[PDB]
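Visitor: Take a look at the letters that make up each chain.
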Amino acid sequence: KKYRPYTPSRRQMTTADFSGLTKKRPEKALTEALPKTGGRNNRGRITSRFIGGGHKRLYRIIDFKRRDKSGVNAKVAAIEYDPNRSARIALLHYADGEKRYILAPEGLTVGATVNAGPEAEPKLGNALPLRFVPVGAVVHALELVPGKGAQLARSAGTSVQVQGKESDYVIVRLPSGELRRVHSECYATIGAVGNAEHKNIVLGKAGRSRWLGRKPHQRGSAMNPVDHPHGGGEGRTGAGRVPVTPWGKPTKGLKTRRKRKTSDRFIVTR
Amino acid sequence: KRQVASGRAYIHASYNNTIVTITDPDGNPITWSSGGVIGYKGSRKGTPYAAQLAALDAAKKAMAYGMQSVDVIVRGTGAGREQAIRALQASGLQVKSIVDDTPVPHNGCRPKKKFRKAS
Amino acid sequence: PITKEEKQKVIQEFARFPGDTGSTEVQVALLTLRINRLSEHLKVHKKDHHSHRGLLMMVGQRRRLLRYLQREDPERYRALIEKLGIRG
Amino acid sequence: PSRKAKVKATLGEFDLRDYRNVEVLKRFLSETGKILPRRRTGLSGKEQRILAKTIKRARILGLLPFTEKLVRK
Amino acid sequence: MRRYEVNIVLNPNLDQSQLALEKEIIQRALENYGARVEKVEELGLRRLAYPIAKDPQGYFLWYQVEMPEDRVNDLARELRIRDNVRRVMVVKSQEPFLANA
RNA sequence: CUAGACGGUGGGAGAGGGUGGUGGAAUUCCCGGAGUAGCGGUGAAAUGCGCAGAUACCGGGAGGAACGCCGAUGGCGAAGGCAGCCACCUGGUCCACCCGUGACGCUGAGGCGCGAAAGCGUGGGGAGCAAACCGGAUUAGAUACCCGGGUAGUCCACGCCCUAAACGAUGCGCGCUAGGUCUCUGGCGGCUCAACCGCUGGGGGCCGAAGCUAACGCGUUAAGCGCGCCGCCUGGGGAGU
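Protein chains in written order, with the deposited numbering: chain BD, 4 to 273; chain AK, 11 to 129; chain AO, 2 to 89; chain AR, 16 to 88; chain AF, 1 to 101.
Keep in mind that the hints were calculated from the coordinates and are not lab data.
Wrong hints could be hidden among the right ones.
Unchecked claim - When the alpha-carbon atoms are kept at most 27 Å apart in a straight line, the in silico DSSO-like pairs for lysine-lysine are as follows:
(1) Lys88(AR) with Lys122(AK)
(2) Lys202(BD) with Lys26(BD)
(3) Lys41(AR) with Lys88(AR)
(4) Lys102(BD) with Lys27(BD)
(5) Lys5(BD) with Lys48(AO)
(6) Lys27(BD) with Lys126(BD)
(7) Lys5(AO) with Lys23(AF)
(8) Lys48(AO) with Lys4(BD)
(9) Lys44(AO) with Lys92(AF)
(10) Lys61(AR) with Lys21(AR)
(11) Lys71(AR) with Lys92(AF)
(12) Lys5(BD) with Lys47(AO)
(13) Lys23(AF) with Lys8(AO)
(14) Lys218(BD) with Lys252(BD)
(15) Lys19(AR) with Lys61(AR)
(16) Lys88(AR) with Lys106(AK)
(17) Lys26(BD) with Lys44(AO)
(18) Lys39(BD) with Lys102(BD)
(19) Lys126(BD) with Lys23(AF)
(20) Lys19(AR) with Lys41(AR)
(21) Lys49(AR) with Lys124(AK)
(22) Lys68(AR) with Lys39(AF)
(23) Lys48(AO) with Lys23(AF)
(24) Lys47(AO) with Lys92(AF)
(25) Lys59(BD) with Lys39(BD)
What the hints assert, rightly or not - Incomplete in silico selection of chain BD near chain AF, CB under 8 Å:
(26) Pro125
(27) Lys126
(28) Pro137
(29) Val138
What the hints assert, rightly or not - The following label-pair restraints were derived from C-beta to C-beta distances:
(30) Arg88(AO) with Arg28(AF): 37 to 45 Å
(31) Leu21(AF) with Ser12(BD): 50 to 58 Å
(32) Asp71(BD) with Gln94(AF): 44 to 52 Å
(33) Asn87(BD) with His51(AO): 49 to 57 Å
(34) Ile36(AO) with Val113(BD): 23 to 31 Å
Heads up, the beta-carbon is just placed ideally off N, CA and C, and yes, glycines get one too.
Taking the hints into account, I'd like the entire structure generated from these sequences.
Guide: Next up, the structure:
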C-alpha cells in the first residue's frame, strides 16, 4: 500500500504468499539477436558454487554505451525487460548501424530527443567528457574502462553524489561503499532507475523461480566430519567460530594493497 | 629557528582547565605549558592557581629562542585567568591587544538538558 | 495578480445584467474556478495548513445555494451544473 | 535609562535596498554583526523587519561575514 | 512572465576574456527567450567580506531582467551547475520597499 | 432593503505551509604537521586515553542534525504548532473608494481534519547525546544525583493513538458599560514645524469605582447584562474496573 505499483504481495491466499513483481512495459515482440553469449551454471572441467543455478540462461546481451558518437541524434520510444535480473533494460533507437542496449532512467511514453553529445540536452543524454557534474543526480550507467563504458545492470541504487575538485583529482561516491572517493575519467548516461526498490522485492512462496532461473538454497552446517566440523552434538554447537573448512565466518578482512585502494581509502560498512 | 622576537600567542581558556598556545605571525604553534602540570587537577584545579604557574614553565621552552615580545589576546572562559594575568610583564614579556572574546553556539547545536526559557 | 482580472470575462460572459458584481454566475463559480490554480498548492505546500483551511470557509457556499434554485427556478439551478457535475 | 548619540534617519538619498551606493548598512549599522534589535538600531524596528534579509544577502553573497569584534562583550 | 532581478557570480581568477564569456550565454537569454529584456547596471567590483574559495577577493557583476518561468529552473542552473557560478538569486521585482523615500 | 455574511480595487504584515541548491562560528573525529607527560572530569575521585605520542595546536577531509545576535510585554497561528538567502504553489489578515448579490446565517453526541516530545512498521540514516545494558564512585545499603559509553531512538516517506499543570484550566457569535499606562500594525493628514501631530482599526501585559466569589481576584480581550444550540458535572473512594 505504498510504492509504484502492482506487487503480487498476496496477503496470504492459496500457496501464493506475499509476492512482488513487474510494473508496466509496452511489451515487445522478441529480441532480434543476442551476439556471442554462451551459457552459465558451471565451469572449468568442474562446477563451482552450490547455490542457485536454474534453467533459463543468457538473454542479457552486451550494452556497450558510447565508444564513438561525434554526432548522432537519437529518439527513444519502446522498452523491454530482459537480462538475467529483473531490471528492464531500455530499448534505444537511432538508425545507423548497431543498436547497443543503452540504459534507462525513468519511464517515458511517446517522445524524448537525445543527443549523446558533449554539451547537448538537459534531459536524457549520453556521451561526454568528465568534469560535467554540477549537481550529479541519478546516474544508472557508471563505468570504469577508458575506451569502453558500461558496468551496472541492476535496478538497485544507481544514484551517486559527486565530490568537489582537489589534488589527485578524485570525486563521486558509489552505491553502497561509504566514503571511498574513486579516481575517475569516463562517463555514463545519467538517469533514474525506474522502480527503485524493485530489485529484491519479496515473492510469495518457493517453487516458481528457484529452479525457474536459479536454485533452492537456505542451508549450512554439513554435519559432515571430514572437512565440515559443524555437526556432532546432542543438538547444540558449543564453540567453534568456524564457517566451513575453517574459512573464518567473521570478517577477517581480505583484499587490500591492490592497484587503486592505495589512494581510495574509507570503505568501511557501518 | 625563528628568532623573530615579535611574535604572538593563541591564548585560551576553559572551565575545568585552560591551555595557552604560542605560535608565529601566521599560525604554526610551538609547544605548550600549564599550571596543572604537576599534581593539580582533581580538586586542586578548582582555582586559578593553575593559570598561575603557567608561564613559570613556558619560559623554559619559549623564552629561549629569543622571545621577549608576545601578542596578547583573551580566548575562552577559564576557571581563573586571573592568576594567568600575573604572567604579564611580571615575567619580562610584552603585550599587544586588550581583545577578549569567546565563541558560543547561537543554538547551533544541542547543549545540555537545559538551555532556554526566561523568567 | 489576483483581484478580478480573471473575473473580467465573467462580466460579458458568465454574469447577470451589465455589471454583475455578485450573482450566482459570478459567485460560487469563482470558487470552483479558483480550484484550477488552487489544487496547484498540492504539488508541495501540502503542509501549508495556513491556506488549506482557507478553503474550509467555502465548503458551505459551494453547496449552499441548493434549496433555492432546484426548489424553484431550475435556471439558476442547472445554470452550469452540467459543466461541473455533482458529488465527486 | 540614558542612550547614545542622536541616531535615526537624517539624510535620505540612500535606500534600504540599493547596493551600488550602500551607506547606512555600514555607518548606522552595529559595530558588531548583531542584528539591530531596536535601541541601537537607530531607526526603530519597522525598517528592520525585512531589512534583516536585505543585508543578510551579503552573508551568503560573501559581501559580509557573520559578525564583527568588540570589547567587554 | 513578470519583472525580475537576478545576480550571478563565479570564477574571477580568469582574465576578462574567460571571465565575461558566460555573459554571452545570457545574451541569448535576453532576446531569444520568449519575451525580451529590461534594464541593466553593473556593480563593477565590490569586495565581499570574508574569504571564500580560499581567497578574500573577487570580481563582481549584476543584472536584472524578465524571463519565462519554465526556463528559470534551468536558466540559472545552466551556469550555477559548473564549478564556475556558485551563487545566484532570481527575484521577481515589481514593487519592493523604500526606506521612507 | 443592507447593519451581518459575501466577492472587487490599491497596498501592507510573518517563525503559516510543501519542494529545491545551500550560508557559515558548530562539535566527534580520518589524516599529515609542531612534536611532551598528562588530559579529563567531582565538593573530594575513576572505567578511558600514557612510553604506540596521549592534552592541545595549523591545514585537507566524512557528515549528520541544529539555526545564536535580532528575541523583548514580539509575530505567524482556528488551534496544534512555527523564529537562515532566494524561488513554484498556497492559506488567514488590514482601511479608505461603498460595486453589487440581498438573509444568502452562528452553533450542533454521531463523522471528516488537526493528531504537543516519545512510542509502531518498511527502507534509509548516523556528528552530538540519550531508555536497556555497563563501568570509577556515595554510603551500611545506591539498578537514584557526578562522570564515563551506547542500541531503538533525536533524523527523511508513509500508514497508527488521540493523549499531557494542552491553561484565558472559562465553547463560537452579537450588541452593550469611565478611562488611562504601554506595545507590533494599516489608514486619512491638522499654521506643508525641515527631529512632529491628530484621528481611526487588528493583536497584546497592567491599574479601578461597579457587578460578580467564599476568595484569589475578571477588569475593556467580562466571571458585568442577555441570547441562537451541542458539553459536562449531581457525596468520596473503589474508577477508566
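Visitor: Quick one, are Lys71(AR) and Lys92(AF) close enough, alpha carbons at most 27 Å?
Guide: Given that 27 Å is the threshold and the Cα spacing comes to 18 Å, the pair holds.
Visitor: Tell me if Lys126(BD) is really an interface residue toward chain AF, meaning its C-beta lies closer than 8 Å to one of theirs.
Guide: violated (10 Å)
Visitor: For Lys88(AR) and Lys122(AK), compute the direct alpha-carbon distance and say whether it is at most 27 Å.
Guide: Satisfied, since the Cα-Cα distance of roughly 23 Å is no more than 27 Å.
Visitor: What's the verdict on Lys19(AR) and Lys61(AR), does the C-alpha distance respect the 27 Å limit or exceed it?
Guide: holds (20 Å)
Visitor: Measure nothing beyond the straight line between the CA atoms of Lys44(AO) and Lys92(AF); if it is 27 Å or shorter, mark the hint as holding.
Guide: holds (21 Å)
Visitor: Could you grab the alpha-carbon distance between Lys26(BD) and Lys44(AO) and see if it respects the 27 Å cut-off?
Guide: holds (24 Å)
Visitor: For the pair we were handed, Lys39(BD) and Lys102(BD), check the Cα-Cα distance against 27 Å.
Guide: Within the cut-off at roughly 15 Å; holds.
Visitor: Between the alpha carbons of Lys61(AR) and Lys21(AR), is the straight-line distance 27 Å or under?
Guide: holds (18 Å)
Visitor: Quick check on a hinted range of 50 to 58 Å for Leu21(AF) and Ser12(BD), using CB atoms only.
Guide: holds (55 Å)
Visitor: Is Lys88(AR) within 27 Å of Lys106(AK), Cα to Cα?
Guide: Given pair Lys88(AR), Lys106(AK) holds - Cα atoms ~19 Å apart, limit 27 Å.
Visitor: Can you confirm whether the C-alpha distance between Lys5(BD) and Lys48(AO) stays at or below 27 Å?
Guide: holds (20 Å)
Visitor: Is it true that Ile36(AO) and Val113(BD) lie within 23 to 31 Å of each other by Cβ?
Guide: This hint holds: roughly 29 Å between Cβ atoms.
Consistency note: the structure conflicts with the earlier hints numbered 7, 13, 23, 27 and 30.
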